[PDB]
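So this first bit is one chain, no partners, the form deposited without the partner chain, shown in structure tokens.
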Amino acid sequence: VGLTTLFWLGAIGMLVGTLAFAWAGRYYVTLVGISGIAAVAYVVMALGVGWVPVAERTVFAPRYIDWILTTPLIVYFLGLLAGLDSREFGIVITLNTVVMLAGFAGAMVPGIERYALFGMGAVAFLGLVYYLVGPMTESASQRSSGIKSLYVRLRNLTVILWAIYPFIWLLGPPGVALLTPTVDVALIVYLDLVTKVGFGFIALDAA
């Protein structure tokens, strides 16, 4: 099982999700963007494009462009469910972008300064979790019982799984380089598929 095989698997999974969401169908267009963008990133990586050598590790640049564009769309989807005003959107999307940019920069820096960048993303992530579990949950409470229930289920899926990524990053090549690239990639392909396509199908089921 090679890296390219794992990338192709993620590509296929994102494509199936993309077509499913497009067929079912603001919410549906967002889900198409979430999995559609990831599909492209995985194909590019499957073709061997964007594999950037950094010191002694290999960094996958399309992954971070993907995350920077798709994760704010996931937060946007959750913000619509919760009924956020256009100002609360700005805070959480700003916090999200800090996490994503810090990870991208830390991965691309060869020296230990990269752990300083990782730490900053961790701090901003804790602030993002606070807004999901607190203010956004208060806001979602004002909606119908079914919408509130859908928000809580997507929120917990999001919080629990997103919290695993920084550990995979740190244990993988970008960090202490403990986990091997193949295992590290396999774990992230699984998480990407669940936080995007699984996320989407839970929404379809409730609709």
Second form
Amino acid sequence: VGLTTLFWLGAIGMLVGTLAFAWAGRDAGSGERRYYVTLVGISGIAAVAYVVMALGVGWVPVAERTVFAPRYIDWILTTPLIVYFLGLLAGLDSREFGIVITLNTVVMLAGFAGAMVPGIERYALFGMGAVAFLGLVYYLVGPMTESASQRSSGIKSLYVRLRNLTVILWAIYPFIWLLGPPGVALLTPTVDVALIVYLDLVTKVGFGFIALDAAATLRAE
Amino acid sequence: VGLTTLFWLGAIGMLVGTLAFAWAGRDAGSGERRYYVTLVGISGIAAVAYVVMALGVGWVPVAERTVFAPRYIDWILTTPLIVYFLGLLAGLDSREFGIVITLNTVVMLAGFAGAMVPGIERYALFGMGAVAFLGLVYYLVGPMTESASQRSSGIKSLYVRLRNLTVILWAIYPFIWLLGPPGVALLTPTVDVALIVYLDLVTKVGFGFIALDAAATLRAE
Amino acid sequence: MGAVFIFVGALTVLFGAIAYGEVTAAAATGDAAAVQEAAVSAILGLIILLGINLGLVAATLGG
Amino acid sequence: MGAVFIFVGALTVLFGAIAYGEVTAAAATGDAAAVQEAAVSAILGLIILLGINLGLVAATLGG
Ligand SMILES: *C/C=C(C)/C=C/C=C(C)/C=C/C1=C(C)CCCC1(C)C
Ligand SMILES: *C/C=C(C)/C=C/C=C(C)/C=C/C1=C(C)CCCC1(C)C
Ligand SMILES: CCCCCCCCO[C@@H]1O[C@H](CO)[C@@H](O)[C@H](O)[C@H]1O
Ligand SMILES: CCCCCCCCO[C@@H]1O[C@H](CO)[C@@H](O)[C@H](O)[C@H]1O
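Would you mind giving the form deposited with the partner chain bound, to go alongside the form deposited without the partner chain above?
Now the complete complex, all chains and molecules, led by this one.
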């Protein structure tokens, strides 16, 4: 299996999610619309990024490795949308949204910058991202969880489930960064890409399907 | 890591379980005693079998492979004790016990016999074991589950949990037989032994710990 | 949970197939060190994959 | 569930270490085919291990 084949699989998986989220949302009132639209943006952006890589664009040589710019650009655009979706469920205000989106953006910017740095100092950038990520996790399991606990049962339950998916799975990405091409390159480029396709699909499309399943249930009682 | 090292790890794990089950049972009345004693027999027999293999005994050359007689002898003795424990929870009568112990014994006898057969006809013996195993699974999830559903809530709950552990995990053993030394030998002897140690530990010691945890809870309310 | 499990079980064999293909491709080379390289990647990858699957499962069948 | 997970997470790295040792030992040989053999075993073994861990998890944190 070649890299471009894996990228095409990523694009198709994301498209399938996008179509599912769009159509599920056709049944949505003023209160639910923004959630469905957010899911469409998340998987739609990812679908296009995967197409870009599958078409052989954005493969950046860095020293003796290859870094995929569209991967990191996707994350910069889509992870704050996931954080936004979570913050909506939690019932955050603008100031709270600003904090978590900022922490999120620092992680993705640092990780992208580090991947693009040839020298050993790329690990300093990783480190900056890792600290910001611990801050984001704190916000997710602390303050945001406290905010979510004030909302309805169905909403609190969805928040916790999506929060758990997000915290556990997002924590795997930095290990793939460290062990893969940007770090010590113990994972082959193929295994690196395959792991990220699966992980992206679960954190975006799996996340969305969990939300779709909960939304149908709340509306049907 | 050598085979004997893995066998020693198996023996120690089983001993730890045995000590735990013995001591937990010191707090047990007439109604609970037989369950604790059954767990002690299960892990105690397994502990001794592992010692026997660790001491280099029972390693039987078969064609171009090595089969461990004490592994299969352990199973012949301990799996009917696990089936017995499950049947007690389910509330089986002697005739029902006889059926499931018979089906169980056919699986273990067939698997042992097949492992000891050099020729291709060992797969016929595997096949006989596999059919008997499907019969045992039916009994576990059908008739035995129906019997268990007539007992108290705490008992039915323990039965289902241990039944699920058993059905899912026991189903893995025949794949290890097929892929390991007795079958097509795609697993190395070391990987074969390591998988079986872990699996034995979960199906015996994990099983017992789940039971210990439930027993403490039922007695404490 | 069913659709979740066969999704997990099927993607694991599909990942194992990719890993196996990498090892066989390296094997076709005749270079032992190349195979070790593909194998170390496959092992690390499969360990990470467990983490992902376990994470997914714990997250959906937990509370 | 905690004691269950770190039991699962720790035994996985311990299994990966055994598998890795087998691959390195085969590598020390210089025989590419030997390494493929150790690697195929490691891959199958790790796939089976997922099944065991998933089985254990589903069975204990399910109902
Ligand atoms: C849809 C894509 C998702 C949800 C991407 C998530 C990516 C991360 C959580 C990455 C985290 C990183 C760190 C914590 C350290 C620096 C390396 C990163 C950017 C891979
Ligand atoms: C403590 C040891 C345990 C619970 C052993 C369980 C072993 C089995 C369920 C074996 C089953 C087999 C088949 C279904 C087919 C023939 C090969 C066997 C004996 C490995
Ligand atoms: C993909 C679908 C996710 C739907 C999650 C809905 C979570 C928010 O819930 C919505 O909030 C509205 C107020 O803004 C209210 O009308 C209701 O509480 C509810 O419809
Ligand atoms: C390792 C501990 C497992 C304990 C499981 C106990 C399940 C059976 O339960 C016991 O059955 C007795 C009748 O025989 C009754 O006194 C009670 O229902 C109970 O003590």
